[PDB]
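For this view, one protein chain was removed and the others were kept in their places.
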């Protein structure tokens, strides 16, 4: 255990704190969604609840090491409190997001980080026509709140949201689920801002 | 990254803590509102829920630097925990305000600070006549709870509320919305207190 | 700002922790109420909700200074976390009190402290006859949970509650509201305990 | 105040942490209940809500002192965070207990500790027949979750629950209320476990 304890000590306690991405040192984050369930729809306030888990991937030079020097260690698990994390937020949320999983991430010797947080979200969506055979469609945007496109960029490995873990006896059937990257231009700010737009079509079971 | 790490170290770790504005050395905060949605109205308790995001701007001499000495760095992002923030509160709230965005602010080399917090608020408002063609009007005041006029002052760049991001399929239509500065005298206290009055006119879609 | 930073350093960091009033060092706290609104009444559980703000005043010798020695500073604002505060509680509450304002207090050079906390409270009250012209009356007691009369005493500047900020379009009109000091003798303890009784008479709008 | 500050420093900062009771060195806790109100009964889930305050008494040799050596000080108030406290829990609760009072305890020169916490509790109880003249009866057990009988023992000064502070206009009348000590044997574990069973008989007013 001595080698892992030493590597951790050298990485986090010796060196100073990482101050995030800049225009000179930008980074890209890969996003992915696994939809688990549509728990409820509120027709009187136009609010819809989702249960899912997000995939977050990024790489930093400040986090890499030589495995040979630390007794052939390629990777390790660490609390998300010990490392820098991106600030990915939902634009149309109506209540604070609830966390449903432990906050631990995995770090590999090349500097790659993987973080998989599970959560419940309430957002703006009109459910009129969910009782029909054709169904109703809704969308929600995810992205960094404070950083532009010159500091953080976003990427998706596929445009098909993972439905391999969707609840079979849910009150609502999934007709389509997509994850597409998009660019925005805001009046306030002269820089573009990048997002990933989650679009879902569904109906009553 | 060494230069940004150095600037941050010199600003926050070397010098002591800023003890807030005084009567001798006072400051001014600029406010602005972006209304997103009227989620629900409760006719039985006269309570109304609002989802929006606030614009906060102030300047401090203790936060400025020469970009030339720190490798031509003009600005940076930092956690709101690291810097002093104004104590802006709503006078007619009925439940504690819910935060819906990350707490990160931006600092420029001249000492200017920008902070944009997203939140949900419940306040006192009679909705009688929202079902009419003319609609109903309500208001809520914002300002520093503990600081007087001789300590903190308020300013608005415009009188019109930003409605460019208002939810298109909301159950309620916005007829008018304004942000206007006020100066008040309370019975308790011999000093005046400044606030910004948010007045919204709406009806059923 | 150097003088205020120095005064604060000398008061809180040099000297040791204040261990609360004793029988050889007792203190008196002044109380006062500003009623804002009666939000709801529950006839099925006999519970009533209130929104208001309290006035707290006390003096300590450990907090006084000479303004002349610290560049003519008479007073300053500080987080309630930095100073000792009285343990004032409501005897008939049914749910934990919600805080609705920042926790900042003001300290003057003579050692006087002023703290104004805003809050929402749920307490025991039978609302039978609120629909009548005569209305219904209810009461709630406030005071120190642990400290007796030989450690902490209470005082009120007036016996009339401040109704100058009561919500005009509330579902309930106030007929009368009063604040009066009481001395209680409990079976548990040979010492007496001091409290202030808030009595409100109201009816439907 | 110098003497009290000194005594506190010598007790908590000089000596090491108390590691809780053992087999070779056990202790006894005295319990007592003051019933304030039965707030609501839920016939659809068989859940009942109670508002009350508990009496906790224990003695430790590590907490005693000579008053003569510390300027004739017999007792003092201290935050429950500074001292060891027993882990008394409710076996049939359905939601986490809500605290309704400050967490301060009193310590005397002989080593005796007194702690009086006020709280709201939801537990399993079938209310069928509360509308009858005979009424309905329910019970709930309190005791240490982790320590057996060979480490912690329990005691009651009386078997008659204190009803001198029960809410006069409650929707429910108290017929009888008792506090009795019990010794349990669980299938899992070879040691005996002690508890105090609270039994209440009530009906509609």
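The chains carry the letters A, B, C and D, assigned in the order they are written, with residues numbered from 1 in each.
Heads up, the rule we're going with is that a contact is a pair of C-beta atoms (placed from the backbone, for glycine too) under 8 Å apart; a residue touches a chain by one contact, two chains touch by 3 or more.
Asker: Check the whole complex and report which displayed chains the hidden chain contacts.
Answerer: When the full complex is considered, the omitted chain touches A, D.
Asker: Which candidate, A:27, A:64, A:104 or A:139, sits in contact with the chain we can't see?
Answerer: Only one listed residue reaches the unshown chain, and that is A:104.
Asker: Could you tell me which of D:25, D:69 or D:157 touches the chain that is not displayed?
Answerer: Within the whole complex, the residue contacting the unshown chain is D:25.
Asker: Pick out the residues on chain D that sit against the missing chain.
Answerer: Output for chain D: 16-20, 22, 25, 44-47, 62, 87, 89, 92-96, 124, 126, 145-147, 187-188.
Asker: Taking the full complex into account, what residues of chain A touch the chain not shown?
Answerer: Against the missing chain, chain A presents residues 1, 4-5, 8, 36-37, 39-40, 51, 76-77, 98-102, 104, 106, 116, 118, 120, 164, 167, 169-171.
As a convention for this text, only the chains that are shown with their structure count from here on.
Asker: What are the chains that chain A and chain D both touch?
Answerer: none
Asker: Taking the mean of the C-alpha atoms as each chain's centre, how many Å separate chain C from chain D?
Answerer: About 28 Å, centre to centre.
Asker: Testing understanding: with touching defined as stated, what is the shape of the graph linking the protein chains, line, ring, star, complete or other?
Answerer: Here the contact pattern is a line, an open path with two ends.
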